[PDB]
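One protein chain is absent from this view; the other protein chains keep their places.
A, B and C are the chain letters, set down in written order, and residue numbers restart from 1 in every chain.
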Amino acid sequence: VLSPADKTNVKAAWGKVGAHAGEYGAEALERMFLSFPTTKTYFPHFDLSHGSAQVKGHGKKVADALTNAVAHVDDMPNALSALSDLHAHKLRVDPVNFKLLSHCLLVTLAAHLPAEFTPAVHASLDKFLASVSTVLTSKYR
Amino acid sequence: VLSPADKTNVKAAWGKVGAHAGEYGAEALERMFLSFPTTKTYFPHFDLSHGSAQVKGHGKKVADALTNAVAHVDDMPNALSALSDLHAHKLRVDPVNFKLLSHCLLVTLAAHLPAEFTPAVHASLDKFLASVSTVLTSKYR
Amino acid sequence: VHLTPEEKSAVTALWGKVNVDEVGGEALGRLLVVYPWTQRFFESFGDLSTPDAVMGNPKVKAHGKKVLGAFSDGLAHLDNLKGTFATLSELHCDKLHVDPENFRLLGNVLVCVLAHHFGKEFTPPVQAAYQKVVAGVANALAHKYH
Partner (left out) sequence: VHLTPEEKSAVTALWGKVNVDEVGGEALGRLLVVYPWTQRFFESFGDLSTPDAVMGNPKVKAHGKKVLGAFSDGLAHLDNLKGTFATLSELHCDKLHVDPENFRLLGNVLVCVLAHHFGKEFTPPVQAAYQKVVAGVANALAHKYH
């Protein structure tokens, strides 16, 4: 449960990402693939090389979905219904993986938003990604 | 979410546990202590010896709480509120441990209800314990 | 795997009683039913729409027997699981693209299956030995991932 402070913190931090969200999306994936190689099992059809257009394009897609979630922080289940469907019935990514991408996203944010990545904001972003993860895996079974 | 089917399955299997809930609760704890020794860090104050009265006593308590959640399967968040607060604010058990106990609870039921422990019931019971665990960990942060 | 000799004897004694064909089918079927996302790997197996469709599927039963067959062999080389499972690890990674978490889910399901079958005989300490074994196998199977 995101508190009003959390929602604020999240909207602020994400506000600063702005036009770089796609690049950050892409960077977080690259960090995930390198740090947790088991995650690559879900992308056998991608070119996972540094700066592949598939990874870049996919980073955009993820970033965009995050944006939309911040935008509907109050209505996540609904803003992300389609994505919850996609993941539960088609992609079927094991739930453990969501924690790995979430962590790589925090690291990416930390690395690029030094002034904004305060302890309270770090706490909020973590809770936020957790909530996003919960929504995305809620129709699994 | 638990479907009507899940609910029927859980009431039915738990129905069969009946008067043995206490003993099964205690057995689940012992299996957990033996298979996942790190869980012992939470009971430094307990006599964890085989046939410990403390373990027996604790097993009943856990079993009573599960019995209560089954009785209130349509209002678990409220039926378990108090326990949710206790775990979040006093006990502060790391979330990963819930999955360990759930697993030992499933092993115990399997070992005792061969006829009822069907694939369908197994699935419903797993989803149920996951839901109880989620409620108990909901106020952590 | 750090199995005391008395843990190793206990594992081995029980395994003596298992019908690998039957347990293999039960373990694999239950995995697909309890964690339906695992069905992602078996779209060529046909109908997995209901518990009966899964549990009775001749393809699931045959595959389950194959998986537990490989596992039983692992039980005779408890000393060198990594070596034992190396080519299988490579295959699962490079050809099948199977997330190693699947190996841990199967291990847990197998433990419930053994509990289901042996009842009281599957004592707390026997379970502890099998937990070590299943983790060692999952680890061995994931060792060649990259």
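Rule of thumb we're sticking to: a residue touches a chain if its C-beta (ideal position, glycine included) is under 8 Å from a C-beta of that chain, and two chains touch if they have at least 3 such contacts.
Engineer: Could you tell which one of B:97, B:133 or B:138 touches the chain left off the display?
Structural biologist: Reading the full complex, the residue touching the unseen chain is B:97.
Engineer: For the chain that's not shown, point to the residue among A:12, A:65, A:96 or A:110 touching it.
Structural biologist: In the complete complex, the chain left out is touched by residue A:110.
Engineer: One chain isn't shown here. Among A:6, A:30 or A:94, which residue touches it?
Structural biologist: A:30
Engineer: For the chain that got dropped from the picture, name the residues of chain A it touches.
Structural biologist: Considering the whole complex, chain A reaches the absent chain at 27, 30-31, 34-36, 103, 106-108, 110-112, 114, 117-120, 122-123, 126.
Engineer: Even though one chain is hidden, which residues of chain B still touch it in the full complex?
Structural biologist: Looking at chain B, the ones touching the missing chain are residues 37-39, 41-42, 44, 88, 92-94, 96-97, 140-141.
Operating definition for what follows: only the chains that are shown with their structure count from here on.
Engineer: CA centre of chain A versus CA centre of chain C: separation in Å?
Structural biologist: 32
Engineer: Mind pulling the chain A residues that touch 2 or more other chains?
Structural biologist: Within chain A, the residues that touch at least two other chains are 141.
Engineer: Quick check on chain C: which residues sit in contact with 2+ other chains?
Structural biologist: Those would be 34.
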